[PDB]
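So you can see what is in the structure, the chains are spelled out below.
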Amino acid sequence: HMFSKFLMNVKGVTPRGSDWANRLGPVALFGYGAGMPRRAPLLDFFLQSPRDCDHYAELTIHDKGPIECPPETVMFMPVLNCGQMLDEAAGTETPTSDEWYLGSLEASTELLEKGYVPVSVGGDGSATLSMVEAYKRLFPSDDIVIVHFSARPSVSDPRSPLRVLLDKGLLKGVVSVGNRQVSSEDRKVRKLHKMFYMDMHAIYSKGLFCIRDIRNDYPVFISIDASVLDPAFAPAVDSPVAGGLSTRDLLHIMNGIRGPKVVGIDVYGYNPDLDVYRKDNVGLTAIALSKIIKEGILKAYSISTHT
Amino acid sequence: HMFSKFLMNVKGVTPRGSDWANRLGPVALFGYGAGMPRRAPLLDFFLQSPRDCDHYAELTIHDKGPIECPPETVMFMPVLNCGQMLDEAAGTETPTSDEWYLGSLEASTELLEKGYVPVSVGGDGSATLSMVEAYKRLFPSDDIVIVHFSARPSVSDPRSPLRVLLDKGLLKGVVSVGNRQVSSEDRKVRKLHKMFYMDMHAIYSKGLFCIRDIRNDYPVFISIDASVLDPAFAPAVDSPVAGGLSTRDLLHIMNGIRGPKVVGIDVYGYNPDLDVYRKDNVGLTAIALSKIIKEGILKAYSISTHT
Amino acid sequence: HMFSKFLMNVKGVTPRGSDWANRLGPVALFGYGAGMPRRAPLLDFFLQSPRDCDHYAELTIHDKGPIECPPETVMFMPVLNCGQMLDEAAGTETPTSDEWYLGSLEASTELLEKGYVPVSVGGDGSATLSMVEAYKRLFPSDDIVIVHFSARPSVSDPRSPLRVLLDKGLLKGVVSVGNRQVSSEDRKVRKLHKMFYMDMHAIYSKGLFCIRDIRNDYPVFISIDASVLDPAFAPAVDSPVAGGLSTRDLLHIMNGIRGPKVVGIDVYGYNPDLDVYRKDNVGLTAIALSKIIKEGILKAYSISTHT
Amino acid sequence: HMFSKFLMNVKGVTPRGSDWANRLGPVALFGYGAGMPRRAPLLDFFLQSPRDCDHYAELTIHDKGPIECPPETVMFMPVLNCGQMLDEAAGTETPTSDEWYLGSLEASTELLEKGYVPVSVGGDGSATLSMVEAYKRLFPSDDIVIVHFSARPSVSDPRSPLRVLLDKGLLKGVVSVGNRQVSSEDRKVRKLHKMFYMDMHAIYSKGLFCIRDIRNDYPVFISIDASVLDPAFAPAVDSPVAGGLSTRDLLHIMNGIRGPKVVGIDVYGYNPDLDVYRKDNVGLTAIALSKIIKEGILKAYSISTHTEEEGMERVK
Amino acid sequence: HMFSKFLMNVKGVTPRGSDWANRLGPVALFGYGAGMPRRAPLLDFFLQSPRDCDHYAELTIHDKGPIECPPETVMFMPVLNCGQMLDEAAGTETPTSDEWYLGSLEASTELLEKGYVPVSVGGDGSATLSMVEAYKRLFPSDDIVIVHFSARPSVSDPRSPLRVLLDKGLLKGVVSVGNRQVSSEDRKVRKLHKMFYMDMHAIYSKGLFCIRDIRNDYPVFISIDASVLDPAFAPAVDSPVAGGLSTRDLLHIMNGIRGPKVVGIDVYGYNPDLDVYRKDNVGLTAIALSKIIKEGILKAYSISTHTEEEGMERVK
Amino acid sequence: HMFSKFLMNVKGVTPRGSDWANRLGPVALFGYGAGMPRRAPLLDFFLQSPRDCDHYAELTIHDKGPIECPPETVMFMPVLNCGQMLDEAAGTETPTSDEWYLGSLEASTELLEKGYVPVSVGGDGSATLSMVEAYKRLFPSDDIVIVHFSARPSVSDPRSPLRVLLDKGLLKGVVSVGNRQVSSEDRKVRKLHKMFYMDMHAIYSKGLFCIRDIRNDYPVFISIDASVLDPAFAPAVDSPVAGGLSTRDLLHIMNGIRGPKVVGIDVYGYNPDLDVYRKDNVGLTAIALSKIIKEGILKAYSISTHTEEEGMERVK
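Sequence order for the protein chains is A, B, C, D, E and F. So the first sequence is numbered by my numbering: it starts at 1 and just counts up by one. So the second sequence is numbered by my numbering: it starts at 1001 and just counts up by one. So the third sequence is numbered by my numbering: it starts at 2001 and just counts up by one. So the fourth sequence is numbered by my numbering: it starts at 3001 and just counts up by one. So the fifth sequence is numbered by my numbering: it starts at 4001 and just counts up by one. So the sixth sequence is numbered by my numbering: it starts at 5001 and just counts up by one.
Just to be clear, a hint being listed does not mean it is correct.
Label-pair restraints from in silico Cβ distances [said to hold, decoys possible]: (1) F:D5087 / D:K3005: 41 to 47 angstroms; (2) E:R4187 / C:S2304: 34 to 40 angstroms; (3) C:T2073 / F:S5304: 51 to 57 angstroms; (4) C:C2210 / A:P140: 46 to 52 angstroms.
30 angstroms max Cα-Cα, derived BS3-like pairs, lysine-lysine [stated by the list, open to error]: (5) F:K5206 / C:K2206; (6) A:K5 / A:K172; (7) C:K2191 / F:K5261; (8) D:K3206 / F:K5064; (9) D:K3261 / D:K3316; (10) D:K3261 / E:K4194; (11) E:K4194 / B:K1194; (12) C:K2206 / F:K5261; (13) A:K191 / A:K172.
Hints listed in this document are in silico derivations from the structure and should not be mistaken for laboratory results. All C-beta atoms, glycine included, are put in the ideal place defined by N, C-alpha and C.
Construct the entire structure; sequences and hints are all you get.
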């Protein structure tokens, strides 16, 4: 409804240039706000952040096409900024969770068929559900695995984005990283669906930096909940749980993610009303998530299935 | 005096059910406020926190008995909430350090003879002195060792809780973990009483996650000062010292604590007036200490002398 | 101009006692404010901080001489407090970057010829330029190497303190530690001047605590930018970059710095208007940098070329 | 014929008792000499070696049943000594390859149907083909994985035991350990049959005492060629290849073998005429190999699919 | 009698000078052949081996005093060669067990009272019993710990040297290193006398180059059985057990031995008739053992209770 | 004379083709027997050993050219077998030291000018002096570093090959690996010529599989004395020193050798009369050494200055 301006802009996105096949990318970036306050400054804060990555590459942000492939010598990575989905000036009505879903499912379908890798910033994680279904519908043959970073397994509620994808059998497998609050009900669902998981204490006690190897052949959807970070690095989350990952811990682990291609990326769990602020009113979580998004984009451009 | 309501409630606590012998536990929880502001929100914040532990077990909080042993298949851990010692509505008079001592010594004696493991939350660390003496008086034959987590050795002042226990010879040994501010006077007392210590830089440079082994046969009292954490994780401490433990560091190390039983647990050094707050007025230290308390309780239920 | 009171005080500093030759030290401490707000509380906050180091030694702060060598049994380390360079009560005029330079170059020249090791606290890093030139002019034969801790290489701008020293060929070599934002232009300058660097992800993935060895024979200038720390530990920096060093990480690495003597120390990049504050108005970065300064001083007293 | 005395003794073996209900074991031990000199003293030398193992347990060797399942915690491991297959006394004729096969096939078949874990000692590796086919014929349902210790992949030759098992499609998977002489034809067969391998240099550089905890749920056959050991430890092999495992290395690696049960064990590649001998005529390889056989027997009694460790899942 | 020539030479040894004031050493070296063949060439072969050690120091062998305490930093280690105990020339009679004991007891007694650290070479291990009792008789005040390198616990037999020392209550503690053949009766004695042990498989899995820094304050006797080494390195032992230490492994582990001083050293378990020989008749075990004896002597000159490292305390 | 047949065959070698444009190789292999018994079978035994290497590549031995540069990805490594230097058939006179030198000097000179990497097998180490001087005479511009594997520094004697090269100032640097017998005169020469060294105990304690990634840009000569290996792996050396590298250890360490190219390789210190033999008269050292020669040849074909890893610089 007030996604309409955002939706029509994605509809007219110039399709993948014919030199982007046999090539990872390009990356399509947009803002997602489901379950979060209307004022969502994370996407804009990212666009303001420096574009030099941890690895020796640089993001190139374009508000509109044409998005064309550069030489692999200069190593630039084009990002098409599709902006916020919610037109914050088109009204005061709050979109229902079903409206967020439909709008997200439509934007993902469009960006994927156009040949872009969709990267959603913000929201409560419901975006994961919509753009995984969008890929599965467009490519029913492909097997999808989800690498999910969170403090919680988030598969307790049958209406959870991860739980819905599992019950509908759209996922080949699930990799849960950094859980540190696991209920018995979570364990039952983990057993039933046979999920692979590495809880926080397990990662720590077995060399946190000693994570590099093991081969994965299936296209990967990367779902990142901000709560996977320790509250000292990411306070702006609902019901924080201490003893989590550092920002550098998270970057290292996600750098070791293997696969033939990235299905999509979801960064979420961020609430500006819960953040810790510097005296100049900049939030800690925004700073942390800004670099996570960047290295997520780089991963979408450089992911390999085995080394 | 205004501990009277709290004290009479402990007096009527139903003694250990006859299926709790040959069994670790149960755990008795109460609030302690000596040397700290009257508004002590840490205990209440803990009771509000999620009860799923790092390990696959769950705390079960009861305000009153009966506290009975469940099957070891369901793995529940009963915690008897005895509430705050200081009746914050009974007056405006501040209890002296001697009154805090007497009240704490009486509550500990009662909870121990009832068959409970006492866990004290809050205060300045003086609670350590009182419930160690309460155990020693009730069990003069048993040898007690203290595992003490702090940024400082805290044995300089002859009136320090740790120093008093040492001079009175109630301790078999002392394990100081994570010191990073050691005076020459501290070193003299460490030499005289032959304390085992692993300073912060020593822990770090010799594999922080490489701490697991070595056998201990003596019942352990766990004394945890919040200052042992780095100020980035626990700012709410008097005279903070940078370069400390992360929350995950602390959880890992305390998980490796060995012994036949836990004498008692002291979590302290927390001042709400010194904390760093999120925009929704929740303090970082409260979040950190909330999980430390939980895994301390779990340790009291699962501690083993050697593996 | 309003450095005049500070400058005349350094002019009358009692020269190195004749028992300080064949001996590392003493250390001269002063405040530097170039490129930063006039209210610079870092130096005063350090002087207020505890003086017990990580290692079993203690700083002894003297506002005036005589600064004489104590026995190596008591292990005291004299620090001559020269106070803030900018007389915050002498006027409202802001010194130009050229005035900061001249004033700093003059104070360094004086403190060095007096036999002191200069330690500058605060500013934007321009102090590095002035006291390295002061040493080179006084000792043209000696070869100088810089160990530089920063999130950025800071050699992009031809007017950067590090870049100027390089182009003028006053440095034997450059060790950049903890970069995590490297532009292509940075890489070109790193290649041209043949700088040794260990970027953040490289340090982390190859055992962060596994850094100890390798021999260095050249006198070392230690330049520390606060941005090298993760924003969770040091938020008070311009344009923060997540995924940085912890305070303990930094202390460990700098402890492994080898050399025959310390040329000088620069701690900078701190802006009180950008810090995260506790409820009692103490900044996190100030706490972190306070201990970095202390162990920097200790390094100036105990540095060795190889073990 | 040559195997007559041995076979009829194997027939009369009283099947394992009901006391072994859902229990690993027991183990049946016999000599196998295909492709090797007539004097095959490795079996005799093992039966003379100490019974105490690395881990705290004791071998108990028996020539005849009943094989009593010991009290739950005494840590005894009964072994049924079935003796030598070839009876050198009766006859002077060397069995053909196919005769060795049929002999090993029937012996393995009988012991398996009686509920024994067969452990073959000696030979050139042809035993691996026989007893794996004996198990697969008796239990077509079970999926078998082979852990193969050797200096060579031993699948280049179309007539090789392992290559035959793979071409017949009788194996779920193959784990080759300690190869250090791999031909191009080997590598062509490796990808063709998708077999897992950890070459010798790869084991060494990635911490020899750091071999993973991958969970295996398929019954394991353990095929051990002596050539996997360095010639300094096991010189009694044809065409020795330097740069191999130490006996300690091998014991550690085989101790990490995972599975619900062992389908069978084959220890081979030993030739007395190629050994290095002490002044009292005891060979070094035989010393090393008797230790290998013993810990192989212990593995058959205590193998497990994985070590359950809370907080982390296990890759299959 | 048989020990007559050796004993009277030991008697005439000029006691260590005053220059050794509060100093480790010196070391007295002698041959000991109890339980072993008459030709015992290990001592002669050691005296022929190079003097330069692993760590930068040089052995200086002497047959007669005075043994001058070298300048503080020249890194010379004087060794007093006391020769063979049994004189094969004088007489053809084999000494009984008790005669070996009394001979070793008196020799050890004399060298200790003269201020020498006794290093015995050869025999079956009976020397450990003698010189430990010689030290304990001379210094009842001192508490002794024994570090025992062997493939076997060697305390099952009530008549075993180590078992006798434990039953007589002459030891503060015992550290058994490298066991890989442990019987149930052994384990019963181990808990009964509360002896510390690190079996071979435990040493290997937990990083062989990762043995701890536990502080020891008691004087150490070092009892070294050659069987602790793998048969590939030391085949000249009775009943060899595969899967042992390399010579390098052993040198590293014994280099980590802590203590105020060494009470004595015994290197045994070597039999020339069981060795593996090169074409020029040099045995492998003798090569390995001479290196072991040398680094044992160096240990006696430079042993320390602990390495003081700031920030962390040391477990006793 | 003695080298007549060998030399004139070396002269007629057709120089490497233009297909080797900016390419490592090819390798020329020849026997060298200075200081050793007349029967020198190490070369023959290597030419009989399997061609397949540790890493996936295959040796292809040739007696005569043309040596065709193989397709870019077939992983063949052509080796030119130049045979034995000394022709035992023609004449019964032992060459003097200087005659060995001149023979090796001219052979090395010819092969280098033809664009071959010379690999010498056998001798006492004198070959190192010859071919390094042959390279330095042909390429005075290039700075050479020597990687020297030995149990001894081998620079005490003023007449030692390495000491001569250092005194003549023909080397940029020297990396001594695996020393375990270092005299005081050695240490005096070490600081005097500022040579880098990693002694055996230092390699072991600091993780044997943990040797660094230091970048080297100078052409490397690889001088390999068999004594660097433990006597259990290589007993056929003069005055054996226990506590050395395993064959595996050595292969790993030499695989980490960095450089733009190999100037030459010398494998020596082997004496058939000092070896330990199997019952079929095959020596253990020869087995180990043929593996060493093979991986040395592979190193000459695939050596690199450093592994470029993003984010961290390399110490030169």
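Quick one: which hint numbers does this structure break? Sort them smallest to largest. Violated: hints 1, 2, 6, 8 and 10.
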